[PDB]
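Visitor: One letter stands for each residue in the lines below.
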Amino acid sequence: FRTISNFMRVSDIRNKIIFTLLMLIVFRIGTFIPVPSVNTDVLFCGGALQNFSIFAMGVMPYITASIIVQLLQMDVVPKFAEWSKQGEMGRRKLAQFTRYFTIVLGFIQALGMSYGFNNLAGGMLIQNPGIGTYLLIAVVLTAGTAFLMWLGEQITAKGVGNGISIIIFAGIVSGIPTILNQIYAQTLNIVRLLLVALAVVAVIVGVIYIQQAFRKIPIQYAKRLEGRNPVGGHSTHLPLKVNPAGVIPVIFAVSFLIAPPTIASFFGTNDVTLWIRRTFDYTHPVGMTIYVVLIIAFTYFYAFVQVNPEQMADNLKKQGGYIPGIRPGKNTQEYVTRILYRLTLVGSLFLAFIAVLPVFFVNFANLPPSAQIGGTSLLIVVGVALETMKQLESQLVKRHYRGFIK
Amino acid sequence: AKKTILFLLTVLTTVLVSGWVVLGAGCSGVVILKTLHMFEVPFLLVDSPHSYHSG
Amino acid sequence: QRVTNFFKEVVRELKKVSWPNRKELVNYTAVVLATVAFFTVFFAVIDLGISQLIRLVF
Numbered sequence: 005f006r007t008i009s010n011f012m013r014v015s016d017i018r019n020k021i022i023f024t025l026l027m028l029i030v031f032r033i034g035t036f037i038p039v040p041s042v043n044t045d046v047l048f049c050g051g052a053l054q055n056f057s058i059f060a061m062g063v064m065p066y067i068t069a070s071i072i073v074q075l076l077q078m079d080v081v082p083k084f085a086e087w088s089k090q091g092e093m094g095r096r097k098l099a100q101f102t103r104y105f106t107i108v109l110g111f112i113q114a115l116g117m118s119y120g121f122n123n124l125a126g127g128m129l130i131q132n133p134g135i136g137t138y139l140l141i142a143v144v145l146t147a148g149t150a151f152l153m154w155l156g157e158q159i160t161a162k163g164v165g166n167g168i169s170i171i172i173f174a175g176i177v178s179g180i181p182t183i184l185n186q187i188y189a190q191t192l193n194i195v196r197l198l199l200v201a202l203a204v205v206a207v208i209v210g211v212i213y214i215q216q217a218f219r220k221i222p223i224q225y226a227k228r229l230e231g232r233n234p235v236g237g238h239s240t241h242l243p244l245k246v247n248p249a250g251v252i253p254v255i256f257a258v259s260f261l262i263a264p265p266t267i268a269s270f271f272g273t274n275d276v277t278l279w280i281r282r283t284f285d286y287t288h289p290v291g292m293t294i295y296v297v298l299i300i301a302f303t304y305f306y307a308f309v310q311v312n313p314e315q316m317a318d319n320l321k322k323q324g325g326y327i328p329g330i331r332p333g334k335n336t337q338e339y340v341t342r343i344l345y346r347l348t349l350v351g352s353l354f355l356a357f358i359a360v361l362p363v364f365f366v367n368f369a370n371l372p373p374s375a376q377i378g379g380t381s382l383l384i385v386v387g388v389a390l391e392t393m394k395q396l397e398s399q400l401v402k403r404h405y406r407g408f409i410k
Numbered sequence: 002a003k004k005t006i007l008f009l010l011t012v013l014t015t016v017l018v019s020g021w022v023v024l025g026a027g028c029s030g031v032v033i034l035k036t037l038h039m040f041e042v043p044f045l046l047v048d049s050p051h052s053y054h055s056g
Numbered sequence: 131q132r133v134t135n136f137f138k139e140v141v142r143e144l145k146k147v148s149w150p151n152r153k154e155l156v157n158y159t160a161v162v163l164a165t166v167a168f169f170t171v172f173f174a175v176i177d178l179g180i181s182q183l184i185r186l187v188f
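Those protein sequence lines, which keep their order, are chains B, C and U.
The number in the numbering used here is simply the position in the first sequence, starting from 1, with 4 added.
The number in the numbering used here is simply the position in the second sequence, starting from 1, with 1 added.
The number in the numbering used here is simply the position in the third sequence, starting from 1, with 130 added.
If you're looking for bench data, these hints aren't it; they were derived computationally from the structure.
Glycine residues also receive a C-beta, built at the ideal position from the N, C-alpha and C atoms.
There could be a bad hint or two in this list.
[Claimed, not checked] Which bits of chain B does chain C cover? Going by a derived footprint, with three or more residues having C-beta under 8 Å, they are:
{"no.": "1", "region": "9–17"}
{"no.": "2", "region": "116–125"}
{"no.": "3", "region": "168–177"}
{"no.": "4", "region": "189–203"}
[What the hints assert, rightly or not] Derived DSBU-like pairs (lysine-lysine); straight-line CA-CA distance at most 30 Å:
{"no.": "5", "chain 1": "B", "residue 1": "220", "chain 2": "C", "residue 2": "3"}
{"no.": "6", "chain 1": "B", "residue 1": "220", "chain 2": "B", "residue 2": "321"}
{"no.": "7", "chain 1": "U", "residue 1": "146", "chain 2": "B", "residue 2": "322"}
{"no.": "8", "chain 1": "B", "residue 1": "394", "chain 2": "U", "residue 2": "138"}
{"no.": "9", "chain 1": "B", "residue 1": "334", "chain 2": "U", "residue 2": "138"}
{"no.": "10", "chain 1": "B", "residue 1": "89", "chain 2": "C", "residue 2": "35"}
{"no.": "11", "chain 1": "B", "residue 1": "20", "chain 2": "U", "residue 2": "138"}
{"no.": "12", "chain 1": "B", "residue 1": "334", "chain 2": "B", "residue 2": "83"}
{"no.": "13", "chain 1": "C", "residue 1": "3", "chain 2": "B", "residue 2": "83"}
{"no.": "14", "chain 1": "C", "residue 1": "35", "chain 2": "B", "residue 2": "321"}
{"no.": "15", "chain 1": "U", "residue 1": "138", "chain 2": "B", "residue 2": "89"}
{"no.": "16", "chain 1": "B", "residue 1": "162", "chain 2": "B", "residue 2": "97"}
{"no.": "17", "chain 1": "U", "residue 1": "138", "chain 2": "B", "residue 2": "227"}
{"no.": "18", "chain 1": "U", "residue 1": "146", "chain 2": "B", "residue 2": "321"}
{"no.": "19", "chain 1": "B", "residue 1": "89", "chain 2": "B", "residue 2": "322"}
{"no.": "20", "chain 1": "C", "residue 1": "3", "chain 2": "B", "residue 2": "334"}
{"no.": "21", "chain 1": "B", "residue 1": "20", "chain 2": "B", "residue 2": "89"}
{"no.": "22", "chain 1": "B", "residue 1": "220", "chain 2": "U", "residue 2": "153"}
{"no.": "23", "chain 1": "U", "residue 1": "153", "chain 2": "B", "residue 2": "394"}
{"no.": "24", "chain 1": "U", "residue 1": "146", "chain 2": "B", "residue 2": "334"}
{"no.": "25", "chain 1": "C", "residue 1": "4", "chain 2": "B", "residue 2": "321"}
{"no.": "26", "chain 1": "C", "residue 1": "35", "chain 2": "B", "residue 2": "322"}
{"no.": "27", "chain 1": "C", "residue 1": "4", "chain 2": "B", "residue 2": "83"}
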């Protein structure tokens, strides 16, 4: 196509996209190296295909540290709130604490992941299962996560787009081809798979339609009088997304849906352990309904954390502008709150339907159960692809300054 | 209030961090290895001018 | 009673959202499907190549 050829023509865009592909090569190279004290020649429960690499932690603890540090800013740690009101230097200090938090949480989750991995294969996964080798491979996994964050910062400095987003996208799309190999090895089946592919493309179109939509609240400004009549096409407004959270409520819902099975397996095996494990399975229609309700409640909570209509009404009043017709104190807060109620209902139902779609895909296509094609990984892939394309179009567009002589 | 639900959410996501104290019961309705790949980076939160009149 | 009014207001609110048109929708879908296909082929090729390299180097 035209824009991709123009990306390859421009020296800077082609150079940084080459550097991005090289960093993804480096990521895949680090994936194909195993941890020292692990056997891994025992190839396999399910969905644990490689899963025991240097990057087996992934960038999971950086996202967990980021959502934790982001959650603490709304008046739990007032030191963090005053970091958040200090400006860019306070945000730099928050990012430094985020780096410390992701190193610490990567160590903790590496310990838990290693002790669970030894608990999974039958004990014969790790050789000499002592605490010293657990500390060793926890250091290895946290070093893998630290190198992944360093790769993200390198690929957002000299590379294309966001760093962590490109790495998460790399993880998902590198998980695609083994799923395709399992499909082709497993197999009216062909027209069934074609109908699933048509449903996947329809779901991608629906995801782009929901995601790239804005509610444009118009905003007048008091300080700058519009003394000249403009073309009106680029008027100032406040865009609210339809899905203001993203995929964070799915993380909160799966935390709430896997915590009682882990504590019920901690308790031991009783009747209530079997009842908890049978009733908190979201593949079954008593667990899926709890999953949907948790997703809806958590996206309401998280989009009131994200937008925060009281703080945005305060920010609108404190510098000038307002919404035309509405007084800028309490009334803009109630107005933006009602707009947010409607939009969060729509984006809520969208996110819940997307998150429970692979349950109805496995029970219609009879795919491998560890596929989960059409989940929230689709949402992450679509968001990273469209944001990276928008960034590349911006860097392409600057050059397109013509002038009236031409 | 909202500090209570916020700290409940934070302690539950740290329980997600240590949600690997059991992994054995081999493949069933377990989402943790599935939740290894559902993340995005969460989005961040959010004088007088003058001019020279050429006299 | 209030639930029907609330859902009526929801569909009234959805008519003010600035949805993308047809042409940018199919353009965006072309971008995301092209990038998914390219990175699928990319990661498959590199996985096969470095697996053959590992089985060569031992």
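Visitor: Each hint needs a verdict: does it hold in this structure or not?
Guide: Comparing the hints with the structure gives:
no., hint, in the structure
1, 9–17, "violated (count 0)"
2, 116–125, "holds (count 7)"
3, 168–177, "holds (count 5)"
4, 189–203, "violated (count 0)"
5, B:220 <-> C:3, "28 Å, holds"
6, B:220 <-> B:321, "18 Å, holds"
7, U:146 <-> B:322, "27 Å, holds"
8, B:394 <-> U:138, "35 Å, violated"
9, B:334 <-> U:138, "25 Å, holds"
10, B:89 <-> C:35, "37 Å, violated"
11, B:20 <-> U:138, "49 Å, violated"
12, B:334 <-> B:83, "27 Å, holds"
13, C:3 <-> B:83, "18 Å, holds"
14, C:35 <-> B:321, "44 Å, violated"
15, U:138 <-> B:89, "39 Å, violated"
16, B:162 <-> B:97, "23 Å, holds"
17, U:138 <-> B:227, "37 Å, violated"
18, U:146 <-> B:321, "24 Å, holds"
19, B:89 <-> B:322, "14 Å, holds"
20, C:3 <-> B:334, "19 Å, holds"
21, B:20 <-> B:89, "34 Å, violated"
22, B:220 <-> U:153, "21 Å, holds"
23, U:153 <-> B:394, "16 Å, holds"
24, U:146 <-> B:334, "23 Å, holds"
25, C:4 <-> B:321, "25 Å, holds"
26, C:35 <-> B:322, "45 Å, violated"
27, C:4 <-> B:83, "15 Å, holds"
The structure does not agree with the numbered hints 1, 4, 8, 10, 11, 14, 15, 17, 21 and 26 stated previously, though it agrees with the rest.
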